[PDB]
Amino acid sequence: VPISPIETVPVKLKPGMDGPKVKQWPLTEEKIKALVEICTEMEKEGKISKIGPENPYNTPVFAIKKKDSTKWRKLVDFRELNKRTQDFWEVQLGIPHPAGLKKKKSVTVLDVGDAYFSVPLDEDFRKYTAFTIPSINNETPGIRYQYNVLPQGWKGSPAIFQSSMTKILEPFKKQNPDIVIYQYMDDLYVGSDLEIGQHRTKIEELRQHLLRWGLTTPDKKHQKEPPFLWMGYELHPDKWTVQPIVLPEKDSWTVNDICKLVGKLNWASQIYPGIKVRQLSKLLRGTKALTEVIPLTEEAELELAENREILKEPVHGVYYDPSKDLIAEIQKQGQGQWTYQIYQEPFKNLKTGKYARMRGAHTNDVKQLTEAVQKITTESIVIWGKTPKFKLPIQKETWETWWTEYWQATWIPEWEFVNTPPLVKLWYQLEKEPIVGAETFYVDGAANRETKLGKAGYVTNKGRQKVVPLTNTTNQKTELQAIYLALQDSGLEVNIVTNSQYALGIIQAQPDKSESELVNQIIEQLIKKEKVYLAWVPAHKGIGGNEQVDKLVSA
Amino acid sequence: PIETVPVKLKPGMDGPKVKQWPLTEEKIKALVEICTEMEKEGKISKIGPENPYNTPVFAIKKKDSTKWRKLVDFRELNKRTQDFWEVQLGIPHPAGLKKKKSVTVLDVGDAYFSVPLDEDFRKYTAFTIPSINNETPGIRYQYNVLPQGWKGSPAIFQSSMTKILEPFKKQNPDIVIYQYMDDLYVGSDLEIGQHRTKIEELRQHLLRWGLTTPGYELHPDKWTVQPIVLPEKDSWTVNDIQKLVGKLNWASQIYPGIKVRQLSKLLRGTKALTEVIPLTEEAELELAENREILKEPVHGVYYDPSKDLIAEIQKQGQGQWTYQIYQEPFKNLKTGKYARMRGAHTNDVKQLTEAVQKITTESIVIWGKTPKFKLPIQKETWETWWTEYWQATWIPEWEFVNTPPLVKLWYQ
DNA sequence: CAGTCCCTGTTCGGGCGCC
RNA sequence: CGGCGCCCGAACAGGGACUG
Ligand SMILES: Cc1ccnc2c1NC(=O)c1cccnc1N2C1CC1
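In order, the protein sequence lines correspond to chains A and B.
Quick note: the first sequence uses the deposited numbering, first residue 0, plus one each step.
If you use the deposited numbering, the second sequence corresponds to residues 4 to 217, 231 to 428, in order.
Any given hint could turn out to be false.
Quick list of simulated restraints, FRET-style, between CB atoms [stated by the list, open to error]: (1) B:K311 / A:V467: 44 to 54 Å; (2) B:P119 / A:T69: 54 to 64 Å; (3) B:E89 / A:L452: 28 to 38 Å; (4) B:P119 / A:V314: 52 to 62 Å; (5) B:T296 / A:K550: 44 to 54 Å; (6) A:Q500 / B:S251: 22 to 32 Å.
Mimicking DSBU-like on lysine-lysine, the simulated pairs with C-alpha atoms at most 30 Å apart in a straight line are [said to hold, decoys possible]: (7) B:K65 / A:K323; (8) B:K22 / A:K530; (9) B:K390 / A:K103; (10) A:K374 / B:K126; (11) A:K101 / B:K353; (12) B:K366 / A:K11; (13) B:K259 / B:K66; (14) A:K82 / B:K22; (15) A:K527 / B:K11; (16) B:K281 / A:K173; (17) A:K13 / B:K281; (18) A:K102 / A:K287; (19) A:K13 / B:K154; (20) A:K323 / B:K366; (21) B:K32 / A:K173; (22) B:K66 / B:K13; (23) B:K13 / A:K385; (24) A:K11 / B:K249; (25) A:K390 / B:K388; (26) B:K43 / B:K73; (27) B:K70 / A:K173; (28) B:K126 / A:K13; (29) B:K281 / A:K385; (30) A:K374 / B:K154; (31) B:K11 / A:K431; (32) B:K353 / B:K388.
A few chain B residues facing chain A, derived, Cβ under 7 Å [said to hold, decoys possible]: (33) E28; (34) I135; (35) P140; (36) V317; (37) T351; (38) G352; (39) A355; (40) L368.
Honestly, the hints are just simulated from the structure, not real lab data.
For every residue, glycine included, the Cβ atom is placed at its ideal position computed from N, Cα and C.
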């Protein structure tokens, strides 16, 4: 008989399946003789057992290596058993963001020893565990065994651990509403606004409650260690910061250097305001080999520069104060890049960040702002569970004009104006009605699918015509092309009639920037005009100068 | 100690494994206090990692209500029981419900909490209450009684319902009673005072039969259909004839007797857009024959029970929204328009949310079925706030569209 | 009535960043 | 071996327009 620590989880098996039987695959020769003994150790502690007849089960060994260890750690591979074991609802849903933590007067960390081996495996599943691995080289054929606890690299080890642990902490928590625990892996972090000694009181009284279930918590544990080091973070009860970032100054630039660079910049971007990755992100476009050679452009270096000066001085985030409003203010950084800061007391930030993402073939600043505001609301709900008040570089009239005209449903939550140039503007508007006494251009363009060849041109009410031959083009491009013509050749006010539903869709959504140089040009002309009314009619309905245009362009 | 109708996820498919979306602290609190109270009542109970299934949950306040209602998005579960409920037990849909001078919707879902649930099925009601900032892990439950918003819940409670209602239905044979999910639709042609009284009376029926019921009135006899209509004009600019002809071409996708031929010839030269062009008579007669073809009913449009309904919504500006319900393109079972809804002139997502709800409601009152929406909105926008404006106990099916407007002219 | 193209617009498998 | 953030490249849905 062994003994019985803590409530067990009913692990089942994927219906219509049974335990694995496998041949061994290579692992290094020196250290593995050690586990032959180590196995006998576990025999006495309750972590292993065996039976001869009853196990049709066998498992191999394949591993991954870790830096920074002063002693060696044994391991076993259930990968075949893994693939054969029921799925769980995973407990690690991701991690809290430091900026989301409420400020706590006292914060300690207990580290659980024998954490995984401190948890009882499901009685009946215990059977499925049996495994075998080479002695030193080998001598006699061998022997085998089963696991009585949570096995390394098994799925339920993390799920069931986390849940069991949770169950244990629950009564302590309920008897202690104002303590605050958070569990990451095998570490617990406790905190309170109580006084320093009654705090250490509850720290031991909890090591008690953990012990009563058999969870060992040593005293190398440190109140005298915070800042705590967690996932790139440095955490003090009062303030948090990213762990220190090293930016390569290397003269030799390979695309993989720029990659690691960028990753470092974004991670910096959660705290250091105003990080721009754009040109560095441009280098990465469409490269075949990760080892290729690339030079830095003046832009990418000027960015790298401004960024180096941002990283120069250090900085820290505060924590969240639920009593006070959340404030998110966004500044336009240009070239479709955006930055935002989220703070509560002015000039003290919880966090910063970028929104650089260019969405769509043709877009504009209002849209991009709307998007950033959305990204940011989401981030705010995950972290603080509420939406910030927004401070935005856009006139309430600008915005009102946009959202109220746009065909899609669109919205920004409660927000106010900040005059912090550059201000976000709409660079042109199309008229809602035809313009009297403006010349009227009927436009067309056409291309032939086979020859990829075509022409773009127009006819007007004034008698004015044009047809321009064009090479290596498409039907869409010619229709854009014709509108471009009508713009270049027209005065400050103009009505343009197009039968291209495509082109009309683009211009009508009022883009200020495009991937397409031609659209960019159309845009530039659009911005130069005083009044532009752009209309659509169906093709080959014999309409207007379009039947006339159609003949001339289609000829 | 009563029976339990076994239930099965229809063949081949597993339990819903869908992720819980982040909640606001407001709503996480309301859910926590509701589930802890519901645990105490043994309605639901805690679960482990051995249950790998999930349905999303959130909370809402019904229209003009300050009380938090829990709401589960059972759509994936509802699909695999979809076959359970649809093939096994049917609810005949009153074609008269729509003809009532009034229809009230009472929320009877609480009743479902009486009945036990098949013990083998319960692992499929699994839901996580999320935590702010991932501070705690999720609080996970599963359902002991008949879970609200699942379609099996009104299916299994069918007998009991027909029972509790039969006194009233018998005593009041002329009142029409429909049941769609957690909601019961009760309607009558009675003058409104005594209607509201008969509703109070029914509230009493379920009250003394062991039910609680946390305005709801509708007016289906007054529901109007939006016809397509060409403008009445004195003088036509070129631009007028152009917009006319193009619109006319679309409408002719719907009604085939339309001809643009003579109006097209009206557009012949290259003329200034704003020039005023007189209408030839042959075209004038073609146009008038068109306004005519546009007052009739579209050939061959009738509801087909087997097909899903589809609703399309267009944003028309200044608070107006147009919609169309159809099972096949261009054959519309209904077209309509909304204006000055809550959110008008300030929040589009709120207005659209409202719209989706009114459309779903008529869709249920009319075919006893919720439509699948094509929503004129970006995906991300919608997901974020729609969760904020929702007052309904059900959740339609939706997908997202971008349609720069040439179909917008379902309105002037 | 099929079968070709040109646009635009989310989903899924390939490297950095944080464990 | 695994999640998250991002960037990079490939496969499907909507729409347009041509081949008799
Ligand atoms: C890494 C971590 C993750 C989540 N929460 C905490 C911590 N550790 C802290 O350093 C911490 C710091 C300040 C406030 N709360 C903290 N705590 C919470 C327990 C009071």
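Cross-check of the supplied hints:
1. B:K311 / A:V467: 44 to 54 Å: For A:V467 against B:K311, whose Cβ atoms are near 47 Å apart, the range 44 to 54 Å holds.
2. B:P119 / A:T69: 54 to 64 Å: Cβ of B:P119 to Cβ of A:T69: about 58 Å, so the range 54 to 64 Å holds.
3. B:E89 / A:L452: 28 to 38 Å: Roughly 56 Å apart at Cβ, these two residues miss the hinted range, so it is violated.
4. B:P119 / A:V314: 52 to 62 Å: holds (58 Å)
5. B:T296 / A:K550: 44 to 54 Å: violated (23 Å)
6. A:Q500 / B:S251: 22 to 32 Å: holds (28 Å)
7. B:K65 / A:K323: Answer holds: B:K65 to A:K323 is near 29 Å, not above 30 Å.
8. B:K22 / A:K530: violated (50 Å)
9. B:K390 / A:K103: violated (48 Å)
10. A:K374 / B:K126: Roughly 34 Å separates the two Cα atoms, so the pair is violated.
11. A:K101 / B:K353: violated (48 Å)
12. B:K366 / A:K11: Judged against 30 Å, a Cα distance of about 46 Å means the pair is violated.
13. B:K259 / B:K66: violated (41 Å)
14. A:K82 / B:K22: Answer holds: A:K82 to B:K22 is near 22 Å, not above 30 Å.
15. A:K527 / B:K11: violated (66 Å)
16. B:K281 / A:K173: violated (83 Å)
17. A:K13 / B:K281: Measuring from Cα to Cα gives roughly 72 Å; hence the hint is violated.
18. A:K102 / A:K287: violated (48 Å)
19. A:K13 / B:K154: holds (28 Å)
20. A:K323 / B:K366: Roughly 27 Å between the alpha carbons, so the hint for A:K323 and B:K366 holds.
21. B:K32 / A:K173: holds (17 Å)
22. B:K66 / B:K13: violated (35 Å)
23. B:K13 / A:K385: Distance ~39 Å between B:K13 and A:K385 Cα, so the pair is violated.
24. A:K11 / B:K249: Since the Cα atoms of A:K11 and B:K249 sit roughly 76 Å apart, the hinted pair is violated (cutoff 30 Å).
25. A:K390 / B:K388: At roughly 37 Å apart (the allowed maximum being 30 Å), B:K388 and A:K390 break the hint.
26. B:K43 / B:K73: holds (16 Å)
27. B:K70 / A:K173: Holds, at about 27 Å.
28. B:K126 / A:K13: At roughly 15 Å apart (the allowed maximum being 30 Å), A:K13 and B:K126 satisfy the hint.
29. B:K281 / A:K385: Violated, because 60 Å separates the two Cα atoms, which is more than 30 Å.
30. A:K374 / B:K154: violated (35 Å)
31. B:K11 / A:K431: It is violated: about 57 Å lies between the C-alpha atoms, which goes past 30 Å.
32. B:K353 / B:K388: Roughly 18 Å separates the two Cα atoms, so the pair holds.
33. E28: holds (4 Å)
34. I135: holds (4 Å)
35. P140: Holds: closest Cβ of chain A sits about 5 Å from B:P140, inside 7 Å.
36. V317: violated (25 Å)
37. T351: violated (18 Å)
38. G352: It is violated, given that the least Cβ distance between B:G352 and chain A is near 17 Å, above 7 Å.
39. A355: Violated - the Cβ of B:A355 stays beyond 7 Å from chain A, reaching only about 15 Å at its closest.
40. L368: holds (5 Å)
This entry does not satisfy hints 3, 5, 8, 9, 10, 11, 12, 13, 15, 16, 17, 18, 22, 23, 24, 25, 29, 30, 31, 36, 37, 38, 39, going by the numbered hints stated previously.
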